[PDB]
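Trainee: What follows is the residue order along each chain.
Protein chains: 4
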Amino acid sequence: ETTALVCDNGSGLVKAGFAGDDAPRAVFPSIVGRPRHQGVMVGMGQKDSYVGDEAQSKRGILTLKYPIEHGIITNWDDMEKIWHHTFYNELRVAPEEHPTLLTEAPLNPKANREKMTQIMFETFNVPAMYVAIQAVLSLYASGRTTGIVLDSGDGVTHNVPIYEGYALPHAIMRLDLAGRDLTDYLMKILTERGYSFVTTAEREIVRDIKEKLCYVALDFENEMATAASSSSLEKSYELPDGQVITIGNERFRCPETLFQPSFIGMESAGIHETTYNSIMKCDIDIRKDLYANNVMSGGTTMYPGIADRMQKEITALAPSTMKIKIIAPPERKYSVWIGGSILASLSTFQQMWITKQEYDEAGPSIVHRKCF
Amino acid sequence: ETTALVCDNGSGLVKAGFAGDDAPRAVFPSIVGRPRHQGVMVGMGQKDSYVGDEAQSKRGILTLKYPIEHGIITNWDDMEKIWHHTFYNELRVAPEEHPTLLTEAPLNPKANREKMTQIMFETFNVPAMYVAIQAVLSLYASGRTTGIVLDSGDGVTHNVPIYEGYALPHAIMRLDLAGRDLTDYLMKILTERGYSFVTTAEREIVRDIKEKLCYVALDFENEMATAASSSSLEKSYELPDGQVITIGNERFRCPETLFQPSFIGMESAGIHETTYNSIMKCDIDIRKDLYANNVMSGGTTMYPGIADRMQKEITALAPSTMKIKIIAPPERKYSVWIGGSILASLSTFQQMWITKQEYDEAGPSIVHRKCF
Amino acid sequence: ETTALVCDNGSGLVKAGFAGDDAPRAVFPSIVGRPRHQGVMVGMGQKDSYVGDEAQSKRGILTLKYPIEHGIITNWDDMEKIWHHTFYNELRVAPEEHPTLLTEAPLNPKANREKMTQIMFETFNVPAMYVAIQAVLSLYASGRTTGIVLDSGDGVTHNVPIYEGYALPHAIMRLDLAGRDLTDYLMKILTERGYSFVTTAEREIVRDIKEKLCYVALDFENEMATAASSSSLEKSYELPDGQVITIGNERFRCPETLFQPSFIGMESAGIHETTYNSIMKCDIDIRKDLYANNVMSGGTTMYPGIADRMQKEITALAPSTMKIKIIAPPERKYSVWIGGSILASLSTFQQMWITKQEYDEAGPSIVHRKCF
Amino acid sequence: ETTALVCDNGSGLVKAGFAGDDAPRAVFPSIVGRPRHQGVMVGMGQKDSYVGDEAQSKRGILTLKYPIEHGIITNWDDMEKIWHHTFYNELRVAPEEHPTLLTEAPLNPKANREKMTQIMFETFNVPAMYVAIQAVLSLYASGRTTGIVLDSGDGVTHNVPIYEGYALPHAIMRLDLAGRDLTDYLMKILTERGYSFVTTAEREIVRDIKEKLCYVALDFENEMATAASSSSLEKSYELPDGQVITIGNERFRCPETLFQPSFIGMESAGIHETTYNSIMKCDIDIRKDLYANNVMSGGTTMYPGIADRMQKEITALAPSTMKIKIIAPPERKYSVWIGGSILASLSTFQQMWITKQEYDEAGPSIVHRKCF
Ligand SMILES: Nc1ncnc2c1ncn2[C@@H]1O[C@H](COP(=O)(O)OP(=O)(O)O)[C@@H](O)[C@H]1O
Ligand SMILES: Nc1ncnc2c1ncn2[C@@H]1O[C@H](COP(=O)(O)OP(=O)(O)O)[C@@H](O)[C@H]1O
Ligand SMILES: Nc1ncnc2c1ncn2[C@@H]1O[C@H](COP(=O)(O)OP(=O)(O)O)[C@@H](O)[C@H]1O
Ligand SMILES: Nc1ncnc2c1ncn2[C@@H]1O[C@H](COP(=O)(O)OP(=O)(O)O)[C@@H](O)[C@H]1O
Ligand SMILES: [Mg+2]
Ligand SMILES: [Mg+2]
Ligand SMILES: [Mg+2]
Ligand SMILES: [Mg+2]
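Chains as they are written, first to last, in PDB author numbering: chain B, 4 to 375; chain D, 4 to 375; chain C, 4 to 375; chain A, 4 to 375.
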């Protein structure tokens, strides 16, 4: 025990590394896949469940299912499997090798974090462990102490404002529109072209289309009228079976959902009015220093041209005299793990762990009160 | 010990300097601010209480509270904090570097001054110290020996008459209507426009509006009828979050309170009948030399057009044959500290100090009888 | 014209009746709902906006929005719609059938009342009309002339002291914490159990949970420790889709906000220190007769066990020698309309109306000065 | 032009009639058959392609092929042939005799509907035409305005929820398991008895077996164990060549696919979890009124004992306190045409047509936006 594990259990992509490094060493999708055909060969009981990286290569014969959705762990036997695969088969370190720094989204059920802690203590027997907040670590990665964080991951999208050290918990805005909800919308708007992706394996193909051809239109209606000259926008993607598909205005109608949540039948406001409505609930004096630091995090905020549309639509709401400046790091996809590597390597933090003794003698309610 | 400290502990703005200078070197608001949110960053026990100048810049996340109100020190742990911040972090001189000349309003409780003295002796260990009267120092600054002093500060407003050297203590008129009481009235008459300032941070924004847009109408009803042509008076102020507000006849209804104390539900007379009623209690011969010298002091008497309204409404009461002349220096805001720099640099005064020895051997009742 | 209309436009629930009756005849929630889906049937332009009672039954496909919030009318086209629905479709009387007695909260913008009057005169053409004060009518319903009124409605909560006939306007304490602000807090503390109500329709379900399962703990910390024996308190509510939910210590953490306004991130004092601080600003002699009559009004003051907690926490502040007695009528929910039925049926009042002639020839500024 | 044509182009059975009638007049299978032998007689070029009813009687020497599959028109020269056979040889009315009301399944490619419209305008020259939705017409036939529609036809099976007028498009669940997919499964499970139907003509014999001997077992495993007493279930069908066959537990293993889509190697859920999962995506308030109206449509939902199994397996999922009631009309096979005869005879609809002028001057994109 000299270094510590930093294991960000994303909603769709598990990242894990060592406290002190500059980038995680174990980045693999958080899937659990079961085989659904008979298996006539002699490999009958041969790996009745694949996890992570293999469950993506052999995904032709597998029903893939995520153990996490919308930040809430819904399948505990698959999450123990994914963890046990991270510690042993990917990081190749014992659990009691180091303390652990897990991460979870804000405003989650009180039972999810307690069950995380119980598993990590009574099944892997970690010496110590601490559960950070995905939106406070995203500032550490940027070396700031003030700003509003839009940490739109893959299962959840949340705004968290933080003045110079002090978080304002009464203004945290959560919203359950994220990357998976855009993949499922791209699966639907693609039928109108003729392509029908239905299975759970085809889902991981539309995810790949989304990550490669989809951009966010700076203005929606102008680009939608530009798609009438139906050649200056269409791109072609090559499926795994050699077939080709051509998507046109589906390139910006998939990520426009984040600004038009009524597309997928949600009565909520875009990520430009859950950031502005969150700044208009902070006290009037810190309102000027939050406009100038909208740090962005999470994978889904990697769409080409999302920082500019945010910066253009917030400035259309905020008073016209002061500065809007979206701070989009180039590595923001890992911006939550990087922060976790920083906070776990600070000397000021080497106290806040929750050790096995302190857990057993204080009950499972000890893990909530460590800073909210 | 060659120079002496002159530390005027105002009711809302602490001023402090060196005996002999021409203007104080340490002018900072007398606030103590506590943080009220959690503070998720590693700065947990990072400055659990801000004082003075910082507690004004970071006032977004702070509950600000004044340790003094109406001249009476109501929170002794905050006043020691503000003093200790004046001596060390602002003047950068040791306490036992010099004697001190404190100041306090007339007719205060007998315990307030005694506790001031006890703190200064047993906690900062000043060599000597003396407590002047805010209304006798305001004449020194003007180089006079006769006149009536209307020292309307921020916590209290008091008239004190003084003939050629001899104060008349039986005519000192105190009144608890001051700058804070006008700020709280501007916070109320502003709702009727729609703007709602409720917090303790917004209080320091309505104070800023008051100090910039508020004037005193020479005649009230005429100006109130002029505000019917609802363009020739309205001004626009820009809040810290870029929003703008437009105040009209609220510009002269906030400081009219001093002449109409029934606005804030007080049964007392304006500052034009607590000066006149104080001259009509002085003996009939000195009554002519007090009309001609109404020196004015204190911050709140900086409203544009207050000297003229005083000079116009007293002359409507006093007998019609003799002169009314309001003497309003251009620097009267510091007129109490300037005087304190004079009286502490006189050779005739270098005796009246109360030294540590003279204090211990005479008890805490030695500090009242040094000239009232 | 023999009887008169009494139409209390609450902040969340419109009540309307006839002057002289014993209880209002038209009590319906003040909502305006728009449809948000396409509407494929032949009912295309079929009721493009529902109001009041229908907009509550069909609230599955509707975005519901209140035209009033915090007593200030923010959407004038919806308020005309709700009025026009009260007069014609609910009371079934013409507007010029009778004069009207509207009601509004104290310390509102000067434009809200003027626009109310302009609408009622130039769009419904009422013969006469008068705007009372929600806290002076709540005494008429009780047959008193002395007492302090805590009229905590659904948009605003205000204390108003009244000695024998004479109101003390310099002590009226307003506070913007009310029923809607508690519903939005119950929407937040319920996520920690797992239930996520996000829409505007689910808001009217958490309102129903609040009105049925929420009580006010006589002592907070004792009950919060009693909720550790996590069976003796939990209740079960059945949602409209047959699902069941179980709320435990959320039953008294929702209405505790009124005594702990820092829960929802407000820097103000509970309704036990905005009543006490309002009595300590009335003159020392009437201070004894206001302690003995804390009449309570408004809907939100119907929580089981709120009168006892008020009576127990004020008595912990007021001097220990005299009587505290909270007067909580059993019908206080309508206590403001009942009073309006009394004052509009008095012979002494049949003068104070503002008739169309008196309005046009005196301008829209005639409606403020009728008793404040 | 006084009446209008209502031509439901099913996926396997074309129905066509007149707007206003009570039942279609032209119900014929939508097949196109080519001869595949030489034809030695003098009838060389004698009807080189048979359509509809003849292509079923002479199906011994014909290769039969459907021009539609899974709702998508895949062979446009055969679909023009089938239409031209409906208008002229079966209805015996000119195309420009009346406007037309076509029908198509939800979530189809955007090109299929546009090509339908282009053909009907530029090749038959209909005066007007409109394309309804197979699941909104199935309610008109029942005289409802609220309910969920399970319109399992012959090429596609889709659930569509509709509250009182307003469809919820974000919850429409499509699934490509239908009657043809059950015929092809009965062609496979029949080999295990010895009977081998391979041709395209034998397909229309296994379809006939399916329509006559197949029922849906109320409970699967119990009936499958009852088929061990291998006499109480077996039925005997007589092929067209006098041979007889005896099918036993193949009677309920063919339609069980709709509840066990993994039989034909599909990773999807039965029609009891694409209805329940569609109600659990509608808003929580309309969830109670959709449980009580599961109107059923389409041919394949005519299996003896399917309404009871649906009503028994949904009630095992939905909360146990409220009502499940499958509304299965006795004529539901035509329930989509009946509705089309109603909507085309309403006065409220006589506007929504798309006339030739309105088409040419607005382009082929005018036909999508007429209500989705
Ligand atoms: N380059 C990209 N462009 C657009 N979307 C992306 C890109 N990379 C990842 N995504 C989306 O973001 C998700 C990954 O986000 P991530 O931050 O890993 O989520 P989590 O917070 O669960 O870790 C993926 O599911 C994918 O849908
Ligand atoms: N230029 C100005 N115009 C109007 N009011 C002012 C102005 N400057 C200060 N004030 C008011 O006067 C107060 C400062 O008065 P000051 O003399 O410092 O009080 P003290 O006697 O406590 O030192 C401030 O609180 C402010 O409300
Ligand atoms: N029995 C009850 N228990 C608790 N809260 C209630 C109860 N009845 C109503 N409320 C709350 O009070 C509000 C109604 O108060 P009301 O006096 O009608 O407001 P207004 O002053 O706008 O008329 C509702 O919004 C509801 O939240
Ligand atoms: N009585 C029946 N029992 C079982 N299946 C039937 C019955 N009648 C028809 N079918 C099946 O339903 C199909 C006809 O359904 P239909 O509603 O005509 O489809 P479409 O939606 O294309 O019109 C046929 O292909 C047949 O397989
Ligand atoms: Mg993340
Ligand atoms: Mg002063
Ligand atoms: Mg009310
Ligand atoms: Mg059909």
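Hints listed in this document are in silico derivations from the structure and should not be mistaken for laboratory results. A hint or two may mislead.
It does not matter which identical chain is meant; a pair holds if it fits inside one copy or across any two.
Taking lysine-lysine pairs in the PhoX-like style, the calculated list, with each CA pair at most 25 Å apart, reads [as the list claims (entries may be wrong)]:
hint: 1; residue 1: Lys326; residue 2: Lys61
hint: 2; residue 1: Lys284; residue 2: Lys61
hint: 3; residue 1: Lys328; residue 2: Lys118
hint: 4; residue 1: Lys61; residue 2: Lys215
hint: 5; residue 1: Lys113; residue 2: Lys61
hint: 6; residue 1: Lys191; residue 2: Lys284
hint: 7; residue 1: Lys118; residue 2: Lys191
hint: 8; residue 1: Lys359; residue 2: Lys315
hint: 9; residue 1: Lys50; residue 2: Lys215
hint: 10; residue 1: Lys84; residue 2: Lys118
hint: 11; residue 1: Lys326; residue 2: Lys284
hint: 12; residue 1: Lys50; residue 2: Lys315
hint: 13; residue 1: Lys291; residue 2: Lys238
hint: 14; residue 1: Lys118; residue 2: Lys284
Trainee: Run every hint past the structure and note whether it holds.
Mentor: Here is what the structure says about each hint:
no.	hint	in the structure
1	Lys326 <-> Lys61	between (50 Å within a copy, 19 Å between copies)
2	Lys284 <-> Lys61	between (48 Å within a copy, 17 Å between copies)
3	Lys328 <-> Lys118	neither (39 Å within a copy, 40 Å between copies)
4	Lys61 <-> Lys215	within (22 Å within a copy, 42 Å between copies)
5	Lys113 <-> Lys61	neither (36 Å within a copy, 33 Å between copies)
6	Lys191 <-> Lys284	between (36 Å within a copy, 15 Å between copies)
7	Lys118 <-> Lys191	between (35 Å within a copy, 21 Å between copies)
8	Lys359 <-> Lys315	neither (49 Å within a copy, 43 Å between copies)
9	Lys50 <-> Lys215	neither (32 Å within a copy, 45 Å between copies)
10	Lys84 <-> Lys118	within (15 Å within a copy, 46 Å between copies)
11	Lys326 <-> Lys284	within (18 Å within a copy, 41 Å between copies)
12	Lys50 <-> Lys315	neither (51 Å within a copy, 37 Å between copies)
13	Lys291 <-> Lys238	between (41 Å within a copy, 23 Å between copies)
14	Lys118 <-> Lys284	neither (33 Å within a copy, 28 Å between copies)
Comparing the model with each earlier hint shows violations of hints 3, 5, 8, 9, 12, 14; every other hint is respected.
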